[PDB]
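Peer 1: Here is what each chain is made of, one letter per residue.
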Amino acid sequence: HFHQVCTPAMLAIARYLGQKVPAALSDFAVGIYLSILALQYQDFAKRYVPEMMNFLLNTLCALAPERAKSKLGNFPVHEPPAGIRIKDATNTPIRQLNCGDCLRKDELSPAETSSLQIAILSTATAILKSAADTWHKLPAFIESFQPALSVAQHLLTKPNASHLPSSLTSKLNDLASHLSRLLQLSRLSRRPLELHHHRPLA
Amino acid sequence: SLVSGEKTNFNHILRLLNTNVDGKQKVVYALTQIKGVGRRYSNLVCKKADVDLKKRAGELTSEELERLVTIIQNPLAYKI
Amino acid sequence: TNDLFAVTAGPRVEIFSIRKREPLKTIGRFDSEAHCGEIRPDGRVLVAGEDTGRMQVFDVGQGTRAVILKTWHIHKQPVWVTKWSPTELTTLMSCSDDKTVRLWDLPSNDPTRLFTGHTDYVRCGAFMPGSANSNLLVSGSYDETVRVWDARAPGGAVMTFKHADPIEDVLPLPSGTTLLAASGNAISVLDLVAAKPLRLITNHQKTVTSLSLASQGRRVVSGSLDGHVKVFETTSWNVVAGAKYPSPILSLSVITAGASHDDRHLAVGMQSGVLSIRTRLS
Amino acid sequence: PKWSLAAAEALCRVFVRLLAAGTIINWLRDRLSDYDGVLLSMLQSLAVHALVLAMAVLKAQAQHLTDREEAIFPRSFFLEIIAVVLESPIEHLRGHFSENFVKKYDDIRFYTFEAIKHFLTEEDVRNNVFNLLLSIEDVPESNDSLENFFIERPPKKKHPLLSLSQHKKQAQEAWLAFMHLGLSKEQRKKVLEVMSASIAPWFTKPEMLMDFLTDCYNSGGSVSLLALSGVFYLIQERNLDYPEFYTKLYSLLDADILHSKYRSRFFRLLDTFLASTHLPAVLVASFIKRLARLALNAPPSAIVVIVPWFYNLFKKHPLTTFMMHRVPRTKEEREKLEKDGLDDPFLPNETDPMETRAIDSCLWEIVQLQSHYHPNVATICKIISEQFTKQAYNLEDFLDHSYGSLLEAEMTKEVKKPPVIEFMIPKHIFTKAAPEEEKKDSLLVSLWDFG
Amino acid sequence: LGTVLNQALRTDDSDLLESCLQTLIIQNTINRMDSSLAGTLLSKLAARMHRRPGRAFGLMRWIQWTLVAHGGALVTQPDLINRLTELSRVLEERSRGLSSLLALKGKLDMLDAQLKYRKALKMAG
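Protein chains in written order, with PDB author numbering: chain UB, 606 to 807; chain Cl, 2 to 81; chain UO, 69 to 350; chain US, 74 to 95, 109 to 131, 134 to 210, 217 to 545; chain UE, 153 to 175, 179 to 280.
Simulated from the structure, these hints should not be mistaken for lab results.
Just so you know, not all the hints are guaranteed correct.
Cut-off 30 Å, straight-line C-alpha distance, at most; resulting in silico cross-link-like pairs (DSSO-like, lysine-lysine) [said to hold, decoys possible]:
#: 1; chain 1: UO; residue 1: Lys88; chain 2: Cl; residue 2: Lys56
#: 2; chain 1: US; residue 1: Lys262; chain 2: UB; residue 2: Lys742
#: 3; chain 1: US; residue 1: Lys263; chain 2: UB; residue 2: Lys776
#: 4; chain 1: UB; residue 1: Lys763; chain 2: UB; residue 2: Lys776
#: 5; chain 1: UB; residue 1: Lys651; chain 2: US; residue 2: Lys425
#: 6; chain 1: US; residue 1: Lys425; chain 2: UO; residue 2: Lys312
#: 7; chain 1: UO; residue 1: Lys167; chain 2: Cl; residue 2: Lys55
#: 8; chain 1: UO; residue 1: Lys167; chain 2: US; residue 2: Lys283
#: 9; chain 1: US; residue 1: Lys534; chain 2: US; residue 2: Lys507
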């Protein structure tokens, strides 16, 4: 329930993950880092990080293939400042992230930027899968995950498929299918709330 | 579509010196509600307090609340 | 020929005089608030509704008389308008907070009829003046819905109208044919013989509060949060006169005197705790 | 030039003595003119003590540069005094000037404002004068609350210096002329913060502020969030209204406002805005539903404020409680719901809160938010969950709370009550597969390359 | 003060009108005001004109700028020439005395002069 040491760690995580509009892909990477940290925190104690949800979706739109046009979730959307978004680099394949990506390089080669962005995308994709798999309960599933579907189909738009590789395309397609499945699960299982069935005192 | 409810929240348990429970009844009845305090004693202290008997408990600003508190704290500094 | 009229302000009412213009007798048996305090067309009964949900009815002579005749505790939720039927001495409408208006008989210990249909708070109502307007009851909700029922078949409303605002007041006419609804900044003259909305009129900024019939059933004063009192004729409904008050207002009425009911004086009630009387004699 | 300082102050001394005393008087005043020039240079230098001498010579001039019993003083001289002190980049000079006399003396205040008028009529200096404008804070209550004068409490008994209305008038004009000049973004937001406390109470008529404020209020964004304070101040004082106040509020509340810094002030305002009494249930229901839906992504330092306010609103409006404990009345609906699960009748992104069907929804958001990671926050959701006992919750103990407050809370907790750990810790903490231990790999290790 | 005028005119206020009319920004407000309210403004300003003939110096400049900005707004809702009708009737009033008002002016600017001059003798003597 509560710890002297385990929880303020989570609090530091939450401050970083809520605050700090990302100025760099290194910030993006360490955001991915603390997001999966909090996932490994609330594994099998199904507590919830809105900071992680909004930060993940914020990153997902900040990769900006075309544009965050309109009505993409309720999470606070911000602007990718330094061209920090994907280009039509659909040939740079997927890879796993390394801790060196926690370093700043304003001199970074654009092919490395493309590959690193794509790897960030795929890892956040995995994060989405894991979080859905662990949060299929918790009745705000619909209102928490509907924006994920929205962002997903928005990235599945053709002006984004132009820049996207087919690997990530199959990834997010799997995501949309699995997530729609769990959405229908939540929708069919959902019941109204009756909290004050109070036991009267004798 | 906007009317100030700056007075509506007064049907509540007031805390005070000894009893933490004093509801809205009236100024004198709330003073006698406080322990040890007489009814005419309540009359005396409110008519020194310059507060209206027509006022109900909780119709009073915090200034005159704590004025009533200090004048029940010292019944001698004010003459009696 | 009375010398009485009631004001309801806070946890109390204060029965006032018309002649001396003085608060004759306060009644503070109200627990929580007091949303309407009106007297029976005798002049001997005051009824009023608290905020816990009880409605109390008690007798007053001219002055220091507060004998609590009856109390009803049905609604469990505040009542905002209890009003007497202007013909029968024994029936009163009571629109509560919750969803409900209902007719009480005084000797009866359970309400005579109950009308529903409203969906939000209900906070204005009246009876229908006119001869054939016998048991005809009009209420405006906050739900942008005014409804009139007959008492004979307690089904839904016989008629209903939807506005775009919270309808914060209503009054019929002594012609018994037309009716003012008051909603947002927008009053609305309506036909009830034809159920046809005649005309919307807006000459205020903010939401209105109250409408008052005047001199001979021939004019209506209106009162709005604009600090504004504005009186219209009932033929063309032009802004005929009015004035300003230094605090936004909440209630308004002119009241008549005596022989042939010439208007004795008006009084406005402002949020600033101030009850202003403007008087004229003849 | 410390000997020049000594010469200057002794010259001020002999000047005030000859003024207290008193074809020659032409040179006798030539002295004072050239000494004013000396004092221009000496303020352009210590300049704070030079400023002290300057107020002294202003005093002596007002006292006895006249035959009349009244004390007129050179507004021109004061004007160039103001000119030099506002062009001077010395923050300490400006501060000593503001604190020592402007926050002290009302003659100074009034004549200061009009000197500012003249000088502005004829950028960094804009920032300086803006600092000074902000430095004046306190509005006196009454003409007898003026009650202190640097020179010459006038016996006019109708004097502009005796009438509070004129001081308010002059400062009013100062603010009018300054916004007429134009000011920065940061100046704009600082004004819009401190206005209703200290600038809007300066006006004999704030209606041009009503104009300017509803313009930046209809502008949108954080500036409009700050503009809410001013427009409420004005609708409360002088009931000049906005057209569509509540629908404006409902669409005004949005995603990031909870993440905005000034949500504390915002929430106190909203506490009033639903402390009103003439409110329809579905409107306050709309505000409930929208706030829960944003709490689904809120910071917890906001959620701690979010919940008890709901306890309040539920206590005042029982026709909201149906979103807490909602029975299917009919067994037919029970069949329909057990067959087909529930969709939310509420409409997100509907403009009119009086038409969003917040009624017939439920607080699935907050009951899921119970399962937050933070324990105090979870308990506060449990407060909604549990029972309705306390008559109210203040929010004042809840406001202004941040991650900083939470971290110092856990810090100022005990060094260690003896804690617990996790036994049977696996060794393959960074090992990628470990196919011989049968314990599934850390998800981080599976999605992270360490090599 | 644009919304102030809008509010005050449509609510037909008296003292709000006085407050905003006691006093550039004037022009900005008349840019940003409305049309139908401006015609009603025109009507009550001709009313003030008729009621006390003291100052012309602000209010003429006001109606100048009304006809500047929303002049053609009366072209847009041109049933209210009856508003425009009385202004003709109003502004023909203040032209009345001018048919010989100058016949005052000179003989008075006459006695001005020597009174300046014998005064201009006076410190000299």
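Peer 1: Against each hint, give a clear statement of whether it holds in the structure.
Peer 2: Do the hints match the structure? See the list:
no. : hint                     : verdict
1   : UO:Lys88 with Cl:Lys56   : holds (24 Å)
2   : US:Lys262 with UB:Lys742 : violated (62 Å)
3   : US:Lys263 with UB:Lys776 : violated (68 Å)
4   : UB:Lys763 with UB:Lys776 : holds (16 Å)
5   : UB:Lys651 with US:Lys425 : violated (33 Å)
6   : US:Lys425 with UO:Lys312 : violated (57 Å)
7   : UO:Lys167 with Cl:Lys55  : violated (34 Å)
8   : UO:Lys167 with US:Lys283 : violated (46 Å)
9   : US:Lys534 with US:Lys507 : violated (36 Å)
Violated hints for the displayed structure, listed by number in ascending order: 2, 3, 5, 6, 7, 8, 9.
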